[PDB]
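Next up: just one chain, as structure tokens, the form deposited in one PDB entry.
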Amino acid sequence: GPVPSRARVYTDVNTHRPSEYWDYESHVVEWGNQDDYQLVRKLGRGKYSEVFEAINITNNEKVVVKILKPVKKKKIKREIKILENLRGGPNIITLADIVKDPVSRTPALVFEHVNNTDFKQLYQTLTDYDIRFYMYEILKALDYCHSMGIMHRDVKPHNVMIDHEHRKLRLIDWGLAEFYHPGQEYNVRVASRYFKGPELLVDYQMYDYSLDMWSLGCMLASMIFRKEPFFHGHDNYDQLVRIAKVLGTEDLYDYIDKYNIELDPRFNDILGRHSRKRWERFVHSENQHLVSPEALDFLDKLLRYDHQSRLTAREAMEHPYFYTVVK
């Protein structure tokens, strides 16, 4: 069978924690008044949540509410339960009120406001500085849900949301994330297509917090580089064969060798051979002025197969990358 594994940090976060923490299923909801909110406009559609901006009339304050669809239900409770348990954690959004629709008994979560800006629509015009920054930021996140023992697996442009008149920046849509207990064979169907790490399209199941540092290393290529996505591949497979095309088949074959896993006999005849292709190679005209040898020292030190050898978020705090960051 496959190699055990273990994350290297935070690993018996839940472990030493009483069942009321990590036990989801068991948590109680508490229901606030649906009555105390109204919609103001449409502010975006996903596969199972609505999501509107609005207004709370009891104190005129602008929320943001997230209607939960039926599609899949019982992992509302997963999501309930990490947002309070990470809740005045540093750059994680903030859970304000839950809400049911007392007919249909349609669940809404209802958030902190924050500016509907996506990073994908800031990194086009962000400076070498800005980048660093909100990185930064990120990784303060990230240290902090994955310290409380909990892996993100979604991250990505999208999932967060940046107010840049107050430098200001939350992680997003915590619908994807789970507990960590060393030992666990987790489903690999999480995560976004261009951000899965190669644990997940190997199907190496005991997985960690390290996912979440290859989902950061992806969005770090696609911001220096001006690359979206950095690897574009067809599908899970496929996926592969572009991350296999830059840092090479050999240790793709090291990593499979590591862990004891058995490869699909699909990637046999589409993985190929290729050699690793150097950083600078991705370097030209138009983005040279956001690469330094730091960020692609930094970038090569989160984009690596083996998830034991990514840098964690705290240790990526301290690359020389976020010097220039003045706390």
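Numbering follows the first chain given and starts at 1. Throughout, rigid core stands for the largest set of C-alpha atoms superposing within 1.5 Å between the two forms. Compared with the form deposited in another entry:
- In a rigid core superposition between these two forms, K120 is the single residue of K75, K120, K100, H181 whose Cα is displaced by 2 Å or more.
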Contents of the next structure:
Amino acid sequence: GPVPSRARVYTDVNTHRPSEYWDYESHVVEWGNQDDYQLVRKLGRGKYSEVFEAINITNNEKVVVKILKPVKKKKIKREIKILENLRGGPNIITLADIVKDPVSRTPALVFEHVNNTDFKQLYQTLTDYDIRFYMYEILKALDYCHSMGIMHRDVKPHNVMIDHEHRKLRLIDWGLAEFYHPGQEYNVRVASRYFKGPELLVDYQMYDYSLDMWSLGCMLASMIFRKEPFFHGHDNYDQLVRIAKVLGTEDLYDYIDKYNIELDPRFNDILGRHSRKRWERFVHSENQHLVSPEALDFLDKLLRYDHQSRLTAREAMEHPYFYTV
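Next up, the form deposited in another entry in place of the form deposited in one PDB entry?
Below: the lone chain, stripped of partners and molecules.
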């Protein structure tokens, strides 16, 4: 069978905590009354959620309300517990209340207000310093949630709210997040296609916090190179091919041999043979003001097939790329 793996950092943080911390199924949710809130406008729509801007009528404060389509109770309980545990953490969205509609009884999570500058409008005005600053802000959130024994598992631009005017970053949508247990096999059907780490695409279940570091590297590559998404797969199998076209097929075979991963037969005719590309190739006139030797060295240390070889969030925070922040 496949070779077992464990996180290089915060490996046993959950093992040493009481069951109440990670045992979300046994968590007692106290569902409040939705009447304290009035819906104002739609902010976004997810697979099983709808997000609204709302007003708390008891204090005239704007809030964000996430209305959940209750397809699985275990998933709702998991998200709430994680949110509760992370509550107050740096750059983590803040759970304010848990409410249900007195009539439809549809579950809803109430968050402290979060503003978001449009990504296209931000993309054009971003400087090398802004990328470093915001990347450091996301690392604070990731090092914290990893230190709290949690993996986000859905790191992507749409889950990173940035209010550029106030220089505020919030990591949102903890609905796919999970508690890390050393040696636990996880479902690989997580994260958005473009941000899926090689471990998910090769069906290697014993992954850890390093999955979030791959996702972060994808966002950084798209930001510094002005190429959204950086790895543009058309399906989950093609996603691995788009990674292989940049990282090469040699290091992919070394990764699958190291962990004794059995590659699905669907890869045989599509992988091909690809050389490892130099990061400098993606540099052009339109993106050179965001690229530097430090940025490329940092990216090279995040975007590695081997999840064990990737920088941890704490190691990433000590990289020369962040000396100016």
